[PDB]
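Given the coordinates of chain H, assemble chain L with the ligand onto it according to the supplied hints.
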Amino acid sequence: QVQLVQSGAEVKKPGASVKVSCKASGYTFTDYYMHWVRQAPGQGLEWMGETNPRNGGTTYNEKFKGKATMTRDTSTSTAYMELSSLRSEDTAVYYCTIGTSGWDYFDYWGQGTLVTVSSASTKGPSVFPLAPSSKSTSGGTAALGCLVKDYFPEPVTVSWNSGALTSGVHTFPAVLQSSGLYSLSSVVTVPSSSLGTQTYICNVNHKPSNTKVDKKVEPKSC
Amino acid sequence: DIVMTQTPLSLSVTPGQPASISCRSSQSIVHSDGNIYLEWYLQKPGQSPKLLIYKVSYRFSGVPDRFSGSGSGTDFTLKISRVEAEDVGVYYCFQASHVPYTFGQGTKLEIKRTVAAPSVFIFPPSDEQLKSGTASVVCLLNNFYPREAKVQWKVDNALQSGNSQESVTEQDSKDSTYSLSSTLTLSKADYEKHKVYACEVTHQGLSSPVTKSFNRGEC
Ligand SMILES: Cn1c(CNc2ccc(C(=N)N)cc2)nc2cc(C(=O)N(CCC(=O)O)c3ccccn3)ccc21
Numbered sequence: 001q002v003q004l005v006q007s008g009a010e011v012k013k014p015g016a017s018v019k020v021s022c023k024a025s026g027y028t029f030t031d032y033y034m035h036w037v038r039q040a041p042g043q044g045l046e047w048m049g050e051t052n053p054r055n056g057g058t059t060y061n062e063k064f065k066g067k068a069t070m071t072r073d074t075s076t077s078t079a080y081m082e083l084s085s086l087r088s089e090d091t092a093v094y095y096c097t098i099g100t101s102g103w104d105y106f107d108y109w110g111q112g113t114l115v116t117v118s119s120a121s122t123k124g125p126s127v128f129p130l131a132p133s134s135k136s137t138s139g140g141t142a143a144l145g146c147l148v149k150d151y152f153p154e155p156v157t158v159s160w161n162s163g164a165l166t167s168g169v170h171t172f173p174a175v176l177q178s179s180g181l182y183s184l185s186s187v188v189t190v191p192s193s194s195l196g197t198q199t200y201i202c203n204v205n206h207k208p209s210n211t212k213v214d215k216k217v218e219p220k221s222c
Numbered sequence: 001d002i003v004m005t006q007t008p009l010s011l012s013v014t015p016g017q018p019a020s021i022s023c024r025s026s027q028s029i030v031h032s033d034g035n036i037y038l039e040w041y042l043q044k045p046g047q048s049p050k051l052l053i054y055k056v057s058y059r060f061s062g063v064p065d066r067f068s069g070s071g072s073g074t075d076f077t078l079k080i081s082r083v084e085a086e087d088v089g090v091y092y093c094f095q096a097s098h099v100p101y102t103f104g105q106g107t108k109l110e111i112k113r114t115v116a117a118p119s120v121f122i123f124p125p126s127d128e129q130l131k132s133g134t135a136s137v138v139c140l141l142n143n144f145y146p147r148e149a150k151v152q153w154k155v156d157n158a159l160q161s162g163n164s165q166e167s168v169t170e171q172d173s174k175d176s177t178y179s180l181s182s183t184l185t186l187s188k189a190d191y192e193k194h195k196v197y198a199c200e201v202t203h204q205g206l207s208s209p210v211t212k213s214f215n216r217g218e219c
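Order-wise, the sequence lines are chains H and L.
Position 9, counted from 1, in the first sequence is what the entry's author numbering calls 9; the numbers after and before it change by one each time, with no gaps.
Position 188, counted from 1, in the second sequence is what the entry's author numbering calls 188; the numbers after and before it change by one each time, with no gaps.
Excised from the complex, chain H in its bound form:
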């Protein structure tokens, strides 16, 4: 039952600080060192450092000394990584990871936290239905979805029926609009036969604006 659950996506202005967390469960927290890994487009995956949970002892990758500060709270089984003097270049996905077999491997990883550094205004998304109609059928199959428009920054996550519907779901990578806002669609194919008995709800989450939107996609009579 080993799990590493990281804090949500964040958007910060340049010069500010951010403290990302990693809640560990299903094992004795003090048994394994906690590691932090950065994934930025271009620089790729980089190991940032390791924290000894017993004493809080830290070994940093020299590149991240001063920029990153690693700490832990053994009582809450939580590891923290604080980034200071944020700049545009600090925009990346940060992962926490452990190895449960000495120093042989990283077998468990957190889901990652996207930290975006920007002076632009945070904007929650507008969520529109992509209703199934005679125009969105393909021999017994109906396509439907949600259009998630005009948000900033990334990421938005989309689930269907509170995570109960995952088969045939395609949540497209976001596009950058000329306005500087993002847009994406999440679609799903289902049987056209049961549009009258099944309910399809997309759950759009936009953690940087603290927004959660549930949109029921109703079949269209066209």
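If you're looking for bench data, these hints aren't it; they were derived computationally from the structure.
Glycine included, every Cβ here is placed at the ideal spot set by N, Cα and C.
There could be a bad hint or two in this list.
Stated by the list, open to error - Estimated spans, in silico, between C-beta atoms of each pair:
#1 H:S193 with L:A189: 37 to 43 Å
#2 H:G196 with L:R147: 31 to 37 Å
#3 H:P14 with L:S72: 43 to 49 Å
#4 L:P64 with H:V2: 17 to 23 Å
#5 L:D127 with H:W103: 55 to 61 Å
#6 H:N52 with L:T74: 27 to 33 Å
Said to hold, decoys possible - The calculated EDC-like cross-link candidates involving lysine to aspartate or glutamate, where the alpha carbons are at most 20 Å apart (straight line), are:
#7 H:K212 with L:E200
#8 L:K55 with H:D107
#9 H:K135 with L:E200
#10 L:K50 with H:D104
#11 L:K44 with H:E46
#12 H:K123 with L:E128
#13 L:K188 with H:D150
#14 L:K131 with H:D104
To be verified - Take a look, some chain H residues computed to stay more than 12 Å from chain L by CB distance:
#15 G8
#16 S25
#17 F29
#18 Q39
#19 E50
#20 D90
#21 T97
#22 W109
#23 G112
#24 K123
#25 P132
#26 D150
#27 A164
#28 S194
Just chain L with the ligand, lined up with the frame of chain H:
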């Protein structure tokens, strides 16, 4: 710092065929304890990396029999005996023999499956978005192969330019296909200037282009 160099940058393999990726360390990677901590990870888009191989040749619990690792000195290799659809993603080698621990730049494995024509779907703007003063029309191309596809917007039979955006998915881990959305965005005023909204799709899988269309407002 140890530099890990991967070759090739990209690989496209037919299911059932072998795959081989190389990893070169800038210097030797023997830990103070005498072991070589060389690992291989597979990362799928939007997911965390998943452990495959550790200490050069040891396969991790639950990892399929088809994966194997080999090497010594400064040259290491990951091998997949028979590639499967679930193997898509980016493979990274990693050394944890010398601080700072370092990753390779990644090798992208793409699956060379059979041709699959897209299923085409079209969505007029919602009544809620129209009320706001904007109209987005979405054309969906679902579960096709190869990735190359041409989508053209036609408004009252006139070819459109400069008002659409498209996004393509990653290759699916189960069926090795792609999906593509093409969104045509107009102000409510511009959308009301024309009646027929069409998206024309060209793909290797189709004998002739497929057009999906609708008449605005008329439902
Ligand atoms: C540097 N370091 C790491 C880094 N982890 C790591 C994981 C994976 C990888 C990798 N991906 N190759 C690379 C590095 N793990 C360590 C475990 C010990 C250790 O022996 N114990 C057990 C002590 C007892 O109970 O006797 C221990 C456990 C918790 C706190 C303190 N000490 C000492 C030193 C260690």
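Structure-based check of all given hints:
no.	hint	verdict
1	H:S193 with L:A189: 37 to 43 Å	holds (39 Å)
2	H:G196 with L:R147: 31 to 37 Å	holds (36 Å)
3	H:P14 with L:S72: 43 to 49 Å	holds (46 Å)
4	L:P64 with H:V2: 17 to 23 Å	holds (21 Å)
5	L:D127 with H:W103: 55 to 61 Å	holds (59 Å)
6	H:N52 with L:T74: 27 to 33 Å	holds (30 Å)
7	H:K212 with L:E200	violated (35 Å)
8	L:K55 with H:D107	holds (13 Å)
9	H:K135 with L:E200	holds (14 Å)
10	L:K50 with H:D104	holds (14 Å)
11	L:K44 with H:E46	holds (17 Å)
12	H:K123 with L:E128	holds (19 Å)
13	L:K188 with H:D150	holds (16 Å)
14	L:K131 with H:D104	violated (59 Å)
15	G8	holds (15 Å)
16	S25	holds (16 Å)
17	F29	holds (20 Å)
18	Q39	violated (9 Å)
19	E50	violated (8 Å)
20	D90	holds (18 Å)
21	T97	violated (8 Å)
22	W109	violated (4 Å)
23	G112	violated (6 Å)
24	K123	holds (14 Å)
25	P132	violated (9 Å)
26	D150	violated (9 Å)
27	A164	holds (19 Å)
28	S194	holds (18 Å)
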